[PDB]
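Based on these hints, arrange chains A and G with the ligands on the given structure of chain E.
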Amino acid sequence: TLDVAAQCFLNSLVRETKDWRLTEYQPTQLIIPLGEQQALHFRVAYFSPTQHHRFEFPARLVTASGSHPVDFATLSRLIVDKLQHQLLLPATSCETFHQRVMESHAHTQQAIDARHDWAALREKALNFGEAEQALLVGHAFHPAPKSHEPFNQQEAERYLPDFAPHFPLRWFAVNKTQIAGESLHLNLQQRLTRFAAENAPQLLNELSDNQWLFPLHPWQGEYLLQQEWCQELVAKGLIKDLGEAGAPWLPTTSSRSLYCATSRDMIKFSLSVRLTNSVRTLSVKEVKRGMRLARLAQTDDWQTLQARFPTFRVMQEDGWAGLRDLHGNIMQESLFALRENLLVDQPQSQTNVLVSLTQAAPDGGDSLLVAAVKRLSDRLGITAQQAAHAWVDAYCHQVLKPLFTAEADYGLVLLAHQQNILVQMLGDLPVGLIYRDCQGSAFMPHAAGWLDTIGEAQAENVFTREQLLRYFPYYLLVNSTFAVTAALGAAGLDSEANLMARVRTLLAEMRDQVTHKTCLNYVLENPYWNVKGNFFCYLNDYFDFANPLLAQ
Amino acid sequence: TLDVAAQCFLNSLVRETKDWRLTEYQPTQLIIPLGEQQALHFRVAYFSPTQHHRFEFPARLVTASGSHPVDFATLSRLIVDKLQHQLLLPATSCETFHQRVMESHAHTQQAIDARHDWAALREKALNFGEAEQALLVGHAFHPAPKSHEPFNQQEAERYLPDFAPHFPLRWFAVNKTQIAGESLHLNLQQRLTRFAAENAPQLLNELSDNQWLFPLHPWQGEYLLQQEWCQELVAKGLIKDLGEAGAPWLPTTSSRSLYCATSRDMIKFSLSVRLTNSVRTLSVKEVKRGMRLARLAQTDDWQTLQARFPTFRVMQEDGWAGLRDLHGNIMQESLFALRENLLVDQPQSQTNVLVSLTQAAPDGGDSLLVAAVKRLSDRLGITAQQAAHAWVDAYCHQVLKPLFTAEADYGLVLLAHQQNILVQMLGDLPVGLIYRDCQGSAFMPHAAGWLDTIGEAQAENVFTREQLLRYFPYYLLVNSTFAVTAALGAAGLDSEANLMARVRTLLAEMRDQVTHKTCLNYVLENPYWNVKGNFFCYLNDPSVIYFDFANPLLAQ
Amino acid sequence: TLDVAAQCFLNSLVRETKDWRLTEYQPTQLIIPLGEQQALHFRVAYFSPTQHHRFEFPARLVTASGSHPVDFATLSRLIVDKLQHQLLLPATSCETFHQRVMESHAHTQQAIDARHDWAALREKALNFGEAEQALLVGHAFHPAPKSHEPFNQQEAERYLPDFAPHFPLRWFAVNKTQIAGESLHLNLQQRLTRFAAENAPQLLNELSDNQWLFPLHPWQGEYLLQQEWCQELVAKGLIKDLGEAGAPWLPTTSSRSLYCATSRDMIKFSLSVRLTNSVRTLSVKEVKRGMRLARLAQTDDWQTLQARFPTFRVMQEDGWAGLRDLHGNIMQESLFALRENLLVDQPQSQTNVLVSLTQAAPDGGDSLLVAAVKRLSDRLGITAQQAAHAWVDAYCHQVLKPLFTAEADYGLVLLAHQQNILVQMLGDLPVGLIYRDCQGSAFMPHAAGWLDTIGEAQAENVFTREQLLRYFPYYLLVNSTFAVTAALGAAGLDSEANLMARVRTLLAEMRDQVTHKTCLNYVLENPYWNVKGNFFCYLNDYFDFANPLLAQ
Ligand SMILES: Nc1ncnc2c1ncn2[C@@H]1O[C@H](COP(=O)(O)OP(=O)(O)OP(=O)(O)O)[C@@H](O)[C@H]1O
Ligand SMILES: Nc1ncnc2c1ncn2[C@@H]1O[C@H](COP(=O)(O)OP(=O)(O)OP(=O)(O)O)[C@@H](O)[C@H]1O
Ligand SMILES: Nc1ncnc2c1ncn2[C@@H]1O[C@H](COP(=O)(O)OP(=O)(O)OP(=O)(O)O)[C@@H](O)[C@H]1O
Ligand SMILES: [Mg+2]
Ligand SMILES: [Mg+2]
Ligand SMILES: [Mg+2]
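These protein sequence lines are chains E, A and G, in that order.
As numbered in the authors' numbering, residues 9 to 549, 562 to 572 make up the first sequence, in order.
As numbered in the authors' numbering, residues 9 to 549, 558 to 572 make up the second sequence, in order.
As numbered in the authors' numbering, residues 9 to 549, 562 to 572 make up the third sequence, in order.
The following block holds chain E by itself, in its conformation from the complex:
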C-alpha cells in the first residue's frame, strides 16, 4: 500500500513539472497525463504545498477501455517513455536512468526488510551514530537516492549506513616520503600518530620516524593496493599492508564519512562510488577548502561570531592526508580529511542529523521528528501542536539564525541542507547547531578583508550575490526547513501553511537585526526562488519555485 522509495521519484517529478492535475471530487487524486488519451491516477493521502506528498498505492493507469493497477516498475517506465517522446531525449540516457531508478527502489526495499529495529527507534532519543544510520529513504527529492554503483550487495551491506554495519579501518605502514598532507595544532606526523594511537594502538609497533601509520577505507584500501602505482611502492618497500585493526567505525549518512565514538577525529575518505550523481572521491582542492575555513576559525572575527552564537559549532576539517606515487604525484583516490569529533566527550547526546528526523517512516508510522515532538509534548504537558510550534521556533533560532547571520554580518556562507545540519537537542528541543561538510563553505565579497587576515581573500570558493541567492535559500529552506514543516504537517500537528507562517515571522525579526539584508529580503519578498531539480539533472548524466513565505 505504501512505498517511500517510489514517492521520491514521484515527488521529485511533480515538483519539477507543471504538467499534472488534481481532481475536484473526493477522494482527491493526482493525475499525470501520459498523452495518447491515457494517464496515471495516484490517490493522495496527504497533499503538501511543498510537494512532500504521500500517495496511496498501487497507482492506476486509465485507458479508453477502463482502468487498471500498475506497479512502480511499470508506471516509472511509462513516465520515462513520455518524457523521452514529449521532450525528445536520447534513448540510451533514458534507459540507464530508468535502470538506476529501479535499482535504488529495490535497494531501498532490501534495507527496509533488513532493518527490523527501525520502528523501535521511535521509542527514545537517538544519539549521533543511531541517527546517521537511520536514513533508509535517502534524498526525498531525488529520483534514485539509493544507487551505489559499483558496489555489490555484500559491499553495500558492510560499507553503507543503511544496514547499520561497523568495521575497523585498514592500515598501511608508509614511508613519509610517500605521505602528503596538512594539519593544524598538531603537525601531520603528530595527527597520524595520535589518530593511530587512539584507534589502533596495537599497530604502534610499526611506527617510526620515517614509517608512519596511514588509515584507509577497507574498500578503497583493497582498491588502491591492486593499482600498479601503489604496488610499485610495495615493491620498493615504501608501503607495508597491516590489514584491518582497531576500533569500530560506522559509515554515516554520506557513507564516505566514518564515525568512531571514542576517536577525537572522524574521517572522510576519497571513495570511488557514485552516490546521487557524483563519484565520491576527494580532490586536493576540496580538502584545502576545509583547511581554509579551519584557519579562518582561529581569527578574532570568528572568535566574535562564536561568542555571539555559543550553541553554534562547526566541525572543522583541519587535517588531511593522501598517498604520493613514486614520482610524488598525490593520488587523489587515497585522500582523506580529518573532521573534529565534537561529540567525543558526549557520545550519547541527542545530536541528530536532520535528514533522518524528517524522512517519512517506511512503515508509514511516525517520522523520528514527530516522535521527538510527541515526547516533548508529553514531557512539558503541552499539546502536540504546541510542541510542534516550539520545536519549529527553536529550530529557527538555533539553526537558521546563525546561518543567515553568518552570511549577513560576516559574509560566511554555509550551504546547510538536511545532511549537513546536526540538530543539538536536549529533551527533544533544539538547543544548538553543529554544521558539517566544509566543502559547503563559501565567502561573500564582504568577507574579503577578513580572508586577508589569513591571506585567502582570493579564495576559490567565493560567491557572487547571484550565486548566493540561487543556492542558499534552496538548501536552508526548501531542502531543510520545509521538510521539518512538511513532516509535522503530514502527521497533522499543524498545517504547513501555519508553520511556514511561524518561520516567516522569525525570518522577519532576523532581518531587522542583521547588516546585509540582501538574502533575507530575497527570501521574504521575491516571488520565485531558484531550485535545483535532481529529477532532470540525474536523467542527464533549474526551475523557478513559488515562494510560500510571501506576505498574504
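Listed next, the in silico BS3-like pairs over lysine-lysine satisfying Cα-Cα at most 30 Å (straight line): (1) G:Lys132 / E:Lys132; (2) G:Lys132 / E:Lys248; (3) A:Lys184 / G:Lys248; (4) G:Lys382 / E:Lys248.
No lab work stands behind these hints, which were simulated from the structure alone.
Only chains A and G with the ligands this time, still in chain E's reference frame:
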C-alpha cells in the same frame, strides 16, 4: 588570611548600614567605626558595588595612638556591643546572636577541613547532587548562614549537605485512618505505594489495603516516635516502626529537601531545625500552595506559558502527606511534600543550583561558576570575558525572561532565590531553567480570572502590587543575578558595572514585550529598592528591618 | 553449501537410527539407505562421536541408474516416505510432520537473513539478553526446532527471540476476586504491586484495594480477551483493559519467558503456542513446583548446599498468578510465573545461556563459544587448545559438580539441558552457574526427610531411581556437556574424544566425594544410556545410547 564565613557577617553588615567609610589612601581599607575614637580597619582585596566584598584578614583595631590585630570572635563581639548601645538592645538577644554567629563560623571551618574533594569540583561539570552539596559558605549575606540548632556535631555530619552525606529513609507502616494527604494523577494511596516501591521495595511485605508505608526523615522520625500521640498509635497498633531502609538520599542545599537519583520523586520534610531565621517545619497551609500551583499547571494557560518557554520547568509539588493523631489532628511535624524529580531520566545533566556556582571559593580560588565559564571559553576557543558575557546573556534569556514574563503576562509570581534557581547547562552554557520551591509561589490580581478556572481565586498566596515590588526584584536581581555578575567581577573577567549593563539592556528589551510593565519599570528606573535585611532580622528573632537598596541598573 | 536447519533434521535422524553407514574411502560420505537399491549420500565435513555432524550440501541420491543432487525438501520427503512404511506410519500424521519440518527450515532462513548483526556477536562478550536472542538454529537434535504454530510471520517477528524484538506488556485492571495466585516474601497483592510499579508506573492510577494490576503477554492477552468467559468479566466490570504499557520486554530462547533488564522479576507466561512438541501453556501443577522449590530454598539444608557452592544459584519462581472465570475456576491460559532476575544488578555480566554458545554458526564460522575461548586465549597468552581445556575444566567444576552433588548429597534433581544452564563467565572463563526453569526440578527418595521440613515429601515431582538414571544424564551430559565438547571439536581445538576424557576424569573425582554414587556410577560404567528420540517423538504427536564415558 582567608575567611569566607566572616565575609558573610561583614558583607551582610556593610549592606545594611551607612555607618562605614573608605580610605582615600591605598592599599584601600574599609572602616567600621566603633565610637570612642576607635575603629576596625579591613584590608580590601576586592570592592564590590553589590557588597560582595573580599577582605584580607586579620582585621585591625584602630584605637589609642596605635592598633593591633583582632580575630573574628573579637571584632564581631565589638560590633555587637556597638549595636547594643545604638539600638538599646536586650543583652540576652545580643549574646544569643553572637554565639550563633560563632557557631556558624566554626561549623563552616569544620566543613572546609572535611571537604578535601571540594577544589576538585572545579575540574569538570557538576551533576545536580554534586552542586546541591557544594555550598559550604551558605547565604552570602546572612550573619549566621550555618546555624544548625538543635543539631549536634554527629547530627550535622549526616543530615546537612556540607559533609556530602547520604542515608536511607526511615519508614513506618501506618493504618490509612492515620494518614492525611493529597495527590494528583495518582491518589494518595497510590503515590506512597509507588514511592515505597521504587525506594524501599523490601518493605512491601508490610503493604496492605489498610496498612500503608509512610516515609520519614531519620531525625524527625526518631523525634516523632518519642512523642505521646505517636506512641498512642504504636500501642493501638496503627503504627509500626520499620526502621531505616532502601535507596540512599542526599540532603540538598535546604537540608530538609532530599534527593535520590533513582527516585521519580524528591521529598521535602517538615524538619524541626533552625536554618537562617526560620524553623523548617511545614504547615498544611504551605503544602497546599504546591497543590494549588500543580492543579493550575493542568490549565491551558499554563500550557500556553510552557509552550512559549519550552526550556523553562517548574518542579511541581503535586503531593503531600502527614500523620494525624488518634483524634484525627494533622501533626505538622510529620508532614512532607513530594517534588517532581525532572532529573530522574538524566541524573548526570549539568543542572546546578545557582547558589553553589556563585559562592566564593573557601580556598580563594575559582568559584564553580568561573570554573564553568573557563571551560566554556576553552571549548569554544573564545576569551574568558567573551565566555563571561555569553554566560550572562544566556542567563538572562533562560532564567530572567520566563520569570519576568510569567508575572507580567500571566500574573504568576515565582520568588526565585539563588537557591530556587536550577541552571540547566549544556557544555557550561545555560540552555534552560528549572524552578524549585513552590512555597514561594504567589499570584497577582491579574491572575485572578485564571485561578477562577480551578476555583482558587481567593488563594491565600495572592500578592498586592507593593508586595511584588518589594520581594520580587530582591530575590531575582539582588539575591541572584548580582551574585552572578559579582562572582565574575571578583575573578576579573569583567567589571560588575559592565556586566550589569548587559543585564539592563536585555531587561529593557524584555519590558517592551510584556503586558504589565509594572515590575521591569521598577527594576530599571526606581532609584531605590526597598527590601528586607538578614543581619538585623536575625538579631531580632521596622525602619531597620527593611532598608533602601540603591539601584545599580538606573541609566547613569 | 551450508544448511544448519537441515543438519538438525539429519543429525537427529542419525542419532536415533542404526540404519546408515560410513564409506571407508575418502572423501568420507555418510549413507542413509532408502531401499530398492536407492540411498542418500552425504559428504561429511565433520564426523562427531556425539552425532554433532556437519554435512556438505547438496546431498546426492544414488541409484543403480546414476546419481543426482537433491534439495532438503526432497530428501526429507524421501526419508519421511521411508519412515512412513517402515513404521507403518499413518499417512496423515507424516504429512503434518514434514510440513512442520519445512516450516521450521524456512522460518530459520528468514531469521538468518533478518539478523545481519549476528556475525558481529563474535566480537565481544555477550550479556544475558544478547545470548537469549542469539539462538537461530534452536534445538540441534529436533527435526523442526523452529516450528511456531499458530504464530503467523508477523507474530513470529514480535514474540519469538529470533528477530531480537522487544515490547511492553499488556495490562488488565482486575477485581481481586478474579485473581488467583501466590507469592513468597511479599504476598500476592504486594508482588503485583511491585511488579507493576517498576514496569508500568503510569498505570498505577488504576491501582486500588480491590482492583489490581495484572500483567499479560501481548499475544496471549488478546487471545484471552476474545474468549466468552473473559468477556463476561469485562461486562461485569471485573476487568478493565489498559492496553500495552511500560518497560521493554524481550522474549528469551523459550519465547514464553520474558526479560526486562530493569525488573527484579522475569515473567514466564502460559502461551498457547507449540514449540518443539509441546504447547507452552502452564498448569497450576507446574507453578506449584516453582513455589515448592522456593519454599525449600528457605530451609537450613539449602543454606548448607548454597554455602558449599556459592557460585551456584537457582532462579527461584517464588510467585504466580492467574485469572478466574465467573465461577472461580482458574483459567489455565491466563497463568504466569514470576522468576528472580538475579542479573538485575549486573545487566552487562557475561552470563550466557549455554545453548546459544554451543550452536553452530549459520554462516559456518566460529561458534559463540569458540569466539569466547579465543578471547580467553588472547587475554591469557595461552594456546587456543589450552584455553579450550581450561574452559572445559572450568565448566565441569562450575556447572556439573554442584548439579550432580545436589542429587547425590541432598537428593535435589535439576534437569539442566543447555537452555536451563546459564554459564556465568568472567573474561570468557566460567566462574559460576545459574540454573533456570523449576519445572525441570525433581526430588529423590533420600530427599524426603528434607522435604518433611516443609511438608512437601508427598510431592508429585518425586523421582524413582529409574526415572533419574533415564533423564538426568541425557539433559546434563548428552544435551549439555557434549555440545560444548562437540563445538570445541568441530572447531579443531581438540578432538571430542580427548575433551570427553577430561570430563570423565573430573566426573570420576566427583564420584569419590559424594555419598550416593548411584548416578555417577551409571554415567561412568553402564555401557548404554537411555535417550530421547525427539525425531520419532515429533513424528508421533525411548532408545539406548552407547556410553562414550566408558574406560578404554
Ligand atoms: N535531502 C538531502 N540533501 C542532500 N543530500 C542528501 C539528502 N538526503 C540524502 N542525502 C545523501 O547525503 C549525501 C550528501 O553528500 P555531500 O556531498 O553533501 O556529503 P559528503 O561530502 O559526501 O560527505 P560529508 O557530508 O560527510 O562531508 C549524498 O550522498 C546523498 O545521497
Ligand atoms: N543565597 C541564598 N539565598 C537564600 N537562601 C540560601 C542562600 N544560600 C543558602 N541558602 C539556604 O537555602 C535555604 C533556603 O530557604 P527557602 O525557604 O528559600 O527554601 P526551602 O523551602 O527551605 O528549600 P527547598 O528549595 O527544598 O524548598 C536556607 O536554609 C538558606 O540557609
Ligand atoms: N538444545 C536444546 N535443548 C533444549 N531446549 C532447546 C534447545 N535448543 C533450543 N531449545 C528451546 O528451548 C525450549 C526448552 O523448553 P523448556 O520447557 O525447557 O523451557 P520453558 O519452560 O518453556 O522456558 P524457561 O526455560 O524460560 O522456563 C524449547 O522451546 C526449545 O525450542
Ligand atoms: Mg554533507
Ligand atoms: Mg528554596
Ligand atoms: Mg527450560
